[PDB]
Every structure is written in C-alpha cells, then in structure tokens.
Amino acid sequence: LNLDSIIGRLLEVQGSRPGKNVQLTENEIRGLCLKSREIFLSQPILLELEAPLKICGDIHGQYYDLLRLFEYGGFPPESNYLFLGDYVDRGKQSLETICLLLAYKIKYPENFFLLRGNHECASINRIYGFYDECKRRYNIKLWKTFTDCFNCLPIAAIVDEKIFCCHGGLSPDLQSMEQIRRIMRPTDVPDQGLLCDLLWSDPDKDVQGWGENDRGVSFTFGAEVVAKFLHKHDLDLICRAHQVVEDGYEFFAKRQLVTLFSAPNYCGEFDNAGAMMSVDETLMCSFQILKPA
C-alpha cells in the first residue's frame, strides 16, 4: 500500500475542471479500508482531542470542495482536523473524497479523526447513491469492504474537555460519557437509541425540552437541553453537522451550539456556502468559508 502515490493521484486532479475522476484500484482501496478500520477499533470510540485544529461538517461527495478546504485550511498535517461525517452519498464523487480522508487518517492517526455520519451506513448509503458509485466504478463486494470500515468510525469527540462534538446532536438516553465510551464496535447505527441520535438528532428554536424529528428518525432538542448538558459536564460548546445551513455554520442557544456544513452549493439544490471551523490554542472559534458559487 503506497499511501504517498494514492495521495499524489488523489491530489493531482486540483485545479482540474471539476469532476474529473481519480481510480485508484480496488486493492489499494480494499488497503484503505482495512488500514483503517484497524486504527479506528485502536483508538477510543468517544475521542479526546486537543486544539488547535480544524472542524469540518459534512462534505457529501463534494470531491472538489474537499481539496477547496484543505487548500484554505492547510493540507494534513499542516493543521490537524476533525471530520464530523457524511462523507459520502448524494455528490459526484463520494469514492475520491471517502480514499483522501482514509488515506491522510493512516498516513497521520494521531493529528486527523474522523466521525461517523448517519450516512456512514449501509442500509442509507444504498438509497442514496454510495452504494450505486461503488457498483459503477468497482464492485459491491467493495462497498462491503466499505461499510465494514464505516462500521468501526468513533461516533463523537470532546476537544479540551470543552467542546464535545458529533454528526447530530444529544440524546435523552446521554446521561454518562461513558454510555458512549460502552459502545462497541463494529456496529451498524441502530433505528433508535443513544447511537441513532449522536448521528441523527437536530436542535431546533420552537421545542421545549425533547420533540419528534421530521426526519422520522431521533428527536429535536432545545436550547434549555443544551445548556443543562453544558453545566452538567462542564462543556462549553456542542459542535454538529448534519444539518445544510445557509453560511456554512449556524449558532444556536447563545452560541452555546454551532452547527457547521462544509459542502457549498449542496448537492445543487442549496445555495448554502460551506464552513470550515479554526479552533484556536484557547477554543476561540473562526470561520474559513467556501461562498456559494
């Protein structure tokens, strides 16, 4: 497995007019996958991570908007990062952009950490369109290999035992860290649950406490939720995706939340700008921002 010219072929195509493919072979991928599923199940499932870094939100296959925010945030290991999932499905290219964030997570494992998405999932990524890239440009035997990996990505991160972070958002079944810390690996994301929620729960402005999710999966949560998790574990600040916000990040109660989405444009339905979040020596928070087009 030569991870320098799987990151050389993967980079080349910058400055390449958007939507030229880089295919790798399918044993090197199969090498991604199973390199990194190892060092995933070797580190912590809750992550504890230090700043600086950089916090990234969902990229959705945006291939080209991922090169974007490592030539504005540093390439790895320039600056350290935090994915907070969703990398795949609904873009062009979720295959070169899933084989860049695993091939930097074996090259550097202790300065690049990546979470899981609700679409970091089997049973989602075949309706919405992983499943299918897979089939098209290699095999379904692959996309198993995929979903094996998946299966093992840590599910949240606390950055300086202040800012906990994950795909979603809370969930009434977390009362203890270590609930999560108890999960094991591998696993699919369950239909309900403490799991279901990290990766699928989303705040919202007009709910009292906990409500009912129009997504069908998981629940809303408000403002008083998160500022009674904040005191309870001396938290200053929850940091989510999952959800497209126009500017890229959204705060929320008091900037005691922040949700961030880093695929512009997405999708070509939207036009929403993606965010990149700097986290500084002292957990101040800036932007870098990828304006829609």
Contents of the next structure:
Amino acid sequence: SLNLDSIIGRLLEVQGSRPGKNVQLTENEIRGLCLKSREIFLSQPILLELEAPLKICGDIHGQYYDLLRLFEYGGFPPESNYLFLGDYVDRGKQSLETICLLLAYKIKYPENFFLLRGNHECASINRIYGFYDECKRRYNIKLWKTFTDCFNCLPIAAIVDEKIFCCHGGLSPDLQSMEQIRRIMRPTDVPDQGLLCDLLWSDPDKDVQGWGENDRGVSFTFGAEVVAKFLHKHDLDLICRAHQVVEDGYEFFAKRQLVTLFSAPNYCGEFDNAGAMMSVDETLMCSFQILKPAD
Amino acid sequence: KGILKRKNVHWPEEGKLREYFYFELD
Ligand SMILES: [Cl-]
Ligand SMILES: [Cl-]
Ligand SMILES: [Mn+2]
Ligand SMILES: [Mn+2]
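Having seen the form deposited without its partner chain, could you now give me the structure of the form deposited with its partner chain bound?
Let us now look at the entire complex, which starts with that chain.
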C-alpha cells in the first residue's frame, strides 16, 4: 500500500539540485509514513536497547540538506546504522522533508534505524516554532494533527551495549531506575514537569552543584557530580545527548563522561557552529564526524 | 542484521578523534 521506495527516491533526488528545492509528497503518502512508523514505534520498546556499531546524531531542526549531507558523509541507510536524538522539526525551512525522510528510513530499516523524541516533537512547542506553519502552508491542519499523534509515540531513550545512555535533553532528579522509563505509556504528550519532561529538556551545567533551575524556564540543570554518580550507579560509561547548540558540533562535559551532539550547522543561519555525529564502532570506540561550511 | 536487542567506551588518539567534512553553502 505504501510506495515506500518511491517516496525515498523522490526525497533523495533533490540532492545537489537547485538550492532549497522542496520535495512535495502527497498528503496520503505523508499520512502513510506517520501511520506505519507509529505502529513500529509502539511495537518497539520506549527505552531502546541497541548494539553497536551505529552513528548517533543530534538536532536537525528542518535543515533538510544538512540531513542529506549527514547521510552522504556517514553512509546512506542501510550502509550505516543510525540513532537520532530528536528535534527534527521547527526553526528550519524544510521540517516536512526532514521528518518524512527519517520516518521513511525508520519504516524501511526498522531494526537498524532509530529516532528518539526531542522537546520539539510536541504539539504545544512545534505549533509555535515553525512546524505547524509549514504544515498549514504546504498541506493542512489535519496533517499536523496526524504528525502529533505519531510524535506522541516516539521512544524516549536508548542504551547502547549497556554503556552509552542516550536521550535528547538529559538526566532527571526523578530517574532512579531505568524501569521508570520503561513504565511510561504511549501515546503521551510531554508534561510540564517530571521524568519525561526532564529527559527531553534538562541541560548539563559546569557551574551548578547538584540540580539547579534551568534558564529555559522548564526542567533543571545538573552538574558534573550528578553525572558521575549516575554513571557509577548504573554501570554506564557515557551520557550522549543533544538539545544545545555547540560550536564544534560536539562538546564534552565532566571529563568525557557526557557528550552533547548537535547536527545542524550554522543553526538558523545565525550561529557559526559545525554539526557533528558520533560513530560508535563494535568495540565502543567513539569518534566524531564534523560537518562545516567551507570558509 | 538488526541492532535492537562486556564492552567499554574508549577514544582514539587525539589526531584521530575528529574527521572533518567541508561543504559549499549557497
Ligand atoms: Cl554503523
Ligand atoms: Cl553536581
Ligand atoms: Mn533543538
Ligand atoms: Mn531540544
């Protein structure tokens, strides 16, 4: 029923084309991507347990041609395995192409391609920051609501080979056991406080001791000793998260116990940051591939 | 060949940590 290869081919054929060229799928094609990916999200666990090797990517925010560059340099599925950490939509000009390609690859390679929820995969955020406006302009309001029902089923965290804990935002003062994540039921909205909110919204901070108020007005900051205690208690080596723009595309925290990944270079056309993805090989050797406009 | 279900995270030498890709912006 879903002409999945046709969709992917049309999404990929604009690579190198006229700058900023749209790919306009049909609304039935997009509804099909949402419906079939939603089934797959709900059939897989909300806390993904993954094996290496894979490549991990941070925020994209609708920068569709940067997403295509990520695949060009990292390897198009299924040449490489992927975990994305969220924030696919808003701010950029091509949220629709971005999310449609990610959902298509999720359907095409369901056990080798993974998408986590970011704080922008939430209707009360992406109504404001661009995605709803893009849906209304290029399709209609009903399609935006279809996306929301799909996003409400995204998984929330991943653990790679029992050593790398991955989520969009960060730690939570309410996260004592991984079972608390596994117990979250879907579909769900993102609440204004609590575990699920923190996993999508919190940030590390070099200046806080323990837990502090987050400048965003949502959730918390956490310091380097919170990170160390969490890793020791759960026998983990690394937290891998996204959510903050960082100048070099990746940024270490607390003596390599945490890394922030951000995959949208020159974010909003306002910053002069690189994008990065992290390659994790079969032995959990971790390295960075850095994408930057030439200067 | 799916990856959905004792190792240790480690890092390369400093010169092999980053691989750069440059692109022309329009
Ligand atoms: Cl891989
Ligand atoms: Cl601390
Ligand atoms: Mn973001
Ligand atoms: Mn975010």
